[PDB]
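Complex shown without one protein chain; remaining protein chains in place.
Letters A, B, C, D and E mark the chains in the order given here, with residues in each chain numbered from 1 onward.
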Amino acid sequence: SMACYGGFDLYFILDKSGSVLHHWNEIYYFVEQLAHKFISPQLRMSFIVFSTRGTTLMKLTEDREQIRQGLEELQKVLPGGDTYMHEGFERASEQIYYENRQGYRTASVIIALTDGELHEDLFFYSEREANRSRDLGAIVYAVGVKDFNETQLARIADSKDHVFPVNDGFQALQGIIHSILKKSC
Amino acid sequence: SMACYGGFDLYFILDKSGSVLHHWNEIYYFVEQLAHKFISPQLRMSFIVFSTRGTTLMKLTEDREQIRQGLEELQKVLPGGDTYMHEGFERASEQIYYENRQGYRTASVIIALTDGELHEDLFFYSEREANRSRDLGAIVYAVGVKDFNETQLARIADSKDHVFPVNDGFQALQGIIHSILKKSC
Amino acid sequence: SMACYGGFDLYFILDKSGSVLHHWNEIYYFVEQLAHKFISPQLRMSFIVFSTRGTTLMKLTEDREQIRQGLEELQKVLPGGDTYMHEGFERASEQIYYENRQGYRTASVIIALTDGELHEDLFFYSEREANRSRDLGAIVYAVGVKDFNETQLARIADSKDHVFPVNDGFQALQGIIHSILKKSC
Amino acid sequence: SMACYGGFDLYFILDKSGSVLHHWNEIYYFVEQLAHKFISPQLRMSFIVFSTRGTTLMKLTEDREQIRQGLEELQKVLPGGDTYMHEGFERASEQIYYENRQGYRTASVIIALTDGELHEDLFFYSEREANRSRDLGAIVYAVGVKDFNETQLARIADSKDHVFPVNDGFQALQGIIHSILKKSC
Amino acid sequence: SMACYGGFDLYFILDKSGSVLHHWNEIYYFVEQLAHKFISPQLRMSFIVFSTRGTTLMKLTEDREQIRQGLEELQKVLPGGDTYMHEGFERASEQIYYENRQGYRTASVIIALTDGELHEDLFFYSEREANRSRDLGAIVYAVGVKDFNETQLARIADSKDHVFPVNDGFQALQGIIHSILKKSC
Partner (left out) sequence: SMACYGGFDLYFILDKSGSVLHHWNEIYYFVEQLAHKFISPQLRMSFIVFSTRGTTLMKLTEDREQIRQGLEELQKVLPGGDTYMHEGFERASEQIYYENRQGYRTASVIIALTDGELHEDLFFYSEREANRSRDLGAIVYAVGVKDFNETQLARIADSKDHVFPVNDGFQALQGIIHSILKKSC
């Protein structure tokens, strides 16, 4: 609807698995640059990392000092481990569920950065948990690095229109985030 | 979305035109029964009347004393005048717009009570304004009295499934309202 | 769309197969009731019969004298033969295609009267041809005679909401036709 | 799709909680009536019960002797315990997932029999698990016992059109199952 | 629908506000080149300009002499004033409404050329009026000048797929126009 958003919650779900070793710097830069472009307290963001497990590195916050510290932490991430992306979505869903209980109309947006190199069962669990996120009200974007398959990530994201490569995705999502911020109450 | 509702705002849009002279008691008691069944401050309601013009008899409120006074004023309504239903929707939309700016996730539900006897241009304006209410985030129900045409009221309401006869309307909408209240945060 | 209809074309597709032998009066009088209720030249109608083959008994017309003669011919129908309903839809679609070439915005409505007792391949062909009618712009209703299967007829009609028992058929369809006629330009 | 079904898998999810103590006969009889109405090996069925926990009483089978034994086990059920309906759906989803891996085009139909008296968190889990069933290809019907709330059950079922009262739900589902069996390869 | 179009009405809604000062040449050239590429009387067009107010510079017409004169007038347009785009859509909708009353099946297409630099309330009114145009049967395209926000223009146009930059948009729209003309009755 045309109803404004009382909240804007941005959840970064970040692949730090072994396979993205040579792409972590561009994953980090993507996140850092969106953060530095949108410094308004109207936008809250969370940093979630995943490899062998999914962990909330920084819980959802409007506080730019906490965001600064979270980004410093992200810059120091050492890629390694498996690619259990579904746990990244679990970390988002847990937070979205809690936020829902506050009763605000929120643009709950997920940006998942990954190379899409997920083993069969892991992809299945990821699609399941992404659907779970959507059930809680989330809009899911997937930004692919390296040799990601767009159709594969389109099962994680809301649609194929919600899937971008890293460089194109940065420009596209900057516009989307701007639009959502203009649509804030 | 499975996200709970931070608000539940019920807008009664009530036909008080000349054509409903023998049916006002049915309309009033429909409203009175619902108001008396759901006394929780979690439910806010507004009473809008329309004939020659559309007027907000009681602005959206959770206050049961205000609601009591509103019901007492509704009881004394004397049907008469034309059927400018679109103005009834205008009164609802104006309030919905204002409430939107607060940024809460709200079940904004319209219940329009009418015989559906709208002249051609008046029907056109009504559908336009009902669409406008939907754009603001409203769910429109139509409850028909007299010999109402279900297909006609289906263009005002969200769908044919949002159209009920007056004698069956209470039981179905009591259920709907109960369900929404159980989905309150 | 809120745009008015430049035309209203009503296509009766009528089962005259062996299985409805003693139910023909029920079928005919449903048709006659509607025809005599709606005498406006704004409504054009065609009468199509089917059993072993499908045949246009009366081509689409606004002319009430032609409609009178068509009705007289329908009265005298002698049921018998197979149930090749798909040919009945073929007769409607051929006319719909022709009318389409005139370029008017038309409510093209099919009402199919049948017991739905179609053998497997015949049902397949019927669903195919009903879909083809929809592709040409038709809205398909099915009115069930005898102990019909609602879900089966829902494959032919637009949805389960477009299926009615013959006993309740008139009341529902007369309302629908009245609404479409009010939506005429 | 007009494509026939290579399989037809019917999953009964049966409430045996304390709240249905006086209504188990209605629940059992619904299942018994359907099972013995459709004795074709083309229809496979599973009986799942739930109260404090969800348990597969009879795994999906076409074998009528197993079905007989399953029904005799249902005759012995003593209602009691909580209403953890989500676990009933879990038992269904586990079987559907396994069946999916066989690669057949199957009509996977769930019929959940319940009074809908679920506490808030339990209802949340149930809607979540029902959605998960739908993700795996299931069509969910809910058949209501006692004075159930159809809007609430519509959150579990596919839609309000997939919700039926128990005392006139055998007639509705019998027709639906007949139709699905006629759409079998 | 596969039905051919009895008419093809193309509405250019053209931003002549102060913010498009360096881009009017681009906007005019886009219109001029499309008009010159499609001279068939089967295509009718209207030129609407907007800044502080929205005005119909040339009402819908098939007459190429009137179009020639309209283009001459458009060429002399001097950018300046506010950006009340909603009025441009009001000018289109008024014409669409009148044309609807004729009862022809028409491809009513809007092309809005703008930088999308609308202040908050103006954007709200614009989205409201674009929705109204859609309700009347219009398909809305947005062609952006400058570094426009695609997501923002996607609120005006039917979808993000209906949003184009100037060069891609020209090629895309001449293909769309060619296709619609091939679909003429």
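The rule is short, and it goes like this: contacts are C-beta pairs under 8 Å (C-beta built on N, C-alpha and C of every residue); 3 or more make two chains touch, one makes a residue touch a chain.
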Listed residues C:37, C:128 or C:160, member touching the removed chain: C:128
Where the missing chain touches subunit E, by residue: 2, 161, 172, 175-176, 178-180, 182
Contacts of subunit A with the absent chain, listed as residue ranges: 120, 123-124, 127-128, 149-152, 160
Where the unshown chain meets subunit D, residue by residue: 1-7, 100-106, 135-137, 185
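Definition applied: only the chains that are shown with their structure count from here on.
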Repeat of interface A-B, chosen from C-E, B-D or B-C - more than half of residue-number contact pairs shared: C-E
Chain pair with more C-beta contacts, C-E versus B-E: C-E
Centroid distance [mean C-alpha coordinates] between subunit E and subunit A, Å: 37
In subunit E, residues with contacts to at least two other chains: 128, 135
